[PDB]
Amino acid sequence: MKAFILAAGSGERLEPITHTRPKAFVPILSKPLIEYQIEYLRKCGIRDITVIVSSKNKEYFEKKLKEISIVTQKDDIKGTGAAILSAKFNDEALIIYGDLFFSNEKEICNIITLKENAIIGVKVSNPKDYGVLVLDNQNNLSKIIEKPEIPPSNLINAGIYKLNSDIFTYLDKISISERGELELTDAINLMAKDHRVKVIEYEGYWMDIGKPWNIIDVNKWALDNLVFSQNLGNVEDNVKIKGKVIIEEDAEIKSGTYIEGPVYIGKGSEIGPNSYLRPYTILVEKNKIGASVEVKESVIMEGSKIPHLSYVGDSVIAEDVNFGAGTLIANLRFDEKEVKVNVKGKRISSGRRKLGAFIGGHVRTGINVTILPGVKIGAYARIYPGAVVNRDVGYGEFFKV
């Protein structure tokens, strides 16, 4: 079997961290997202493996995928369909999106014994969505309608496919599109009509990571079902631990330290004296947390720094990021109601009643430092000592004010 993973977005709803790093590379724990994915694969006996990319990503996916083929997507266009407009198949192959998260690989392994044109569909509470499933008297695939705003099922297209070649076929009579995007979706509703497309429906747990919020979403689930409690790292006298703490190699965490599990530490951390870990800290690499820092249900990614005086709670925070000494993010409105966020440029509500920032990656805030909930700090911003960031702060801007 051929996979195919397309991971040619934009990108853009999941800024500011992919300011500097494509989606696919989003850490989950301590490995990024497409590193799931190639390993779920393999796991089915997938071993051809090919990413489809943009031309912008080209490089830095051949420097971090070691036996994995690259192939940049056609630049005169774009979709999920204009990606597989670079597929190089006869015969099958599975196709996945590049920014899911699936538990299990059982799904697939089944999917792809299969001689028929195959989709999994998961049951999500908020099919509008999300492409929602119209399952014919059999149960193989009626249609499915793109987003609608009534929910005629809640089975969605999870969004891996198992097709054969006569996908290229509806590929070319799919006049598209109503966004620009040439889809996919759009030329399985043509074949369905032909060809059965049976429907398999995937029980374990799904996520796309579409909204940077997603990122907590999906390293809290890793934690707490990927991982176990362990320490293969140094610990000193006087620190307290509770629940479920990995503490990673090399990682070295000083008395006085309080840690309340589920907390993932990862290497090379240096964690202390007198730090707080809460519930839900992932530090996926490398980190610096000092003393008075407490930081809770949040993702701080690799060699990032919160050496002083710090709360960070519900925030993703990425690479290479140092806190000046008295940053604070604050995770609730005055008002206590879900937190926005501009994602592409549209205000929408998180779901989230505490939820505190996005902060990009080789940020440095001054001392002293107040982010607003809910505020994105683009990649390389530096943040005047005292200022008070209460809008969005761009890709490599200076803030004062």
Contents of the next structure:
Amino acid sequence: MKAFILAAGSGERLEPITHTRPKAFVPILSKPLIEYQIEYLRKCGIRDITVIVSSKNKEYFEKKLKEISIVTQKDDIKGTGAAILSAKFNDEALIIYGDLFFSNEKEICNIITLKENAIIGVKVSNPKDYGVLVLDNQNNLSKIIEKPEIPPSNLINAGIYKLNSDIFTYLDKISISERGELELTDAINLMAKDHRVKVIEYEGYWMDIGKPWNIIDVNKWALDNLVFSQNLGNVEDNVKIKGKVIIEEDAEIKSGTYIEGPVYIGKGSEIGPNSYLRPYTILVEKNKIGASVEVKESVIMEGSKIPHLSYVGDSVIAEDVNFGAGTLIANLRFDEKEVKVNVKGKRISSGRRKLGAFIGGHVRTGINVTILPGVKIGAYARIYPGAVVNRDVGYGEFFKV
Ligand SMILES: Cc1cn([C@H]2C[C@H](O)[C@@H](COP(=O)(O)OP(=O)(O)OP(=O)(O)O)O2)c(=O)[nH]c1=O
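Having gone through the form deposited without ligand TTP, I am curious about the other one (the form deposited with ligand TTP bound); can you provide its structure?
Let us now look at the entire complex, which starts with that chain.
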């Protein structure tokens, strides 16, 4: 059985994280998204895995994934439909979207046993975003309704398919279309008139990593569900630990440090002295958290350092970031309203009263920097000491005012 991961999306809604990595390499605790997917696939006896990527990202994928075929999507076309056109199979294949996290492989294991075309649907609370699944009387797929702005059903396209080579006959009939785009669900929509498409309801945890605060969402779920309290590191005297704490190998936790779990402390991390890690602190790898630094409900990616006199709450900080002493992130607005975030040029409500900042890779802040709620700082940005970052900062930009 072959599998294809469609990982050639533009990842613009996930900026600034995607300034320096594909969405497929977003960390959930210590491992990137795609590594969970490959793991699940392999667990179900699928070893011939192909990732379809943008040409821009081919190099990045080749360098990270040794036993996986990488194929580039045709340059001149876009969409989930265009991605499968580089998928080479006869006979059938498992197809999965490259930004999906889900809790287990059980459904993939089941779906590959089936002769029929099959799709997984999952119930959301915001179906109007998302492809809604309309079932017929026999509970097979009637049609997929794309972003209706009306809820016919809870049940939406989970982006996990087992499709037969049919699917290409229908991709050729497809006229595409109102987004400038070749859409897989359009082809599926034709095919389901002629062929039976089973729908299997996914029951566990599912989430697409679409927007930056979803990085916090999934990492919080993973910490609660996938790992157990352990200490493989070095914890000095007078460190207080409550609740579930994962201390990975080579992590060092100095005296005066206070930890209220659940907290994930990635390998090679250096904590303290006199740090405060609050619930849902996730330090992916090789992180430094120093004296009079408090972290709460944040994901702080590989090699990033917050060495002095800082508060980081409800935030995502990408890799190799350095915070000057006294850099502070606000997570609550003066008017205490839902924090809005600029996402692909639209002002989007995050759904969160408390939300901090989203910091791209290799950013450095000068001392005493102030960052407002919902702010995005582009990768490689440099923030002048004492600056008040009251708006988004572009990729690679110096910011003073
Ligand atoms: C998954 C996938 C998406 N796409 C395209 C179709 C759309 O233009 C866009 C939407 O996919 P989405 O899953 O909606 O998210 P995204 O990362 O791809 O896009 P965005 O910039 O909005 O964050 O990406 C591909 O070209 N190839 C692919 O393999």
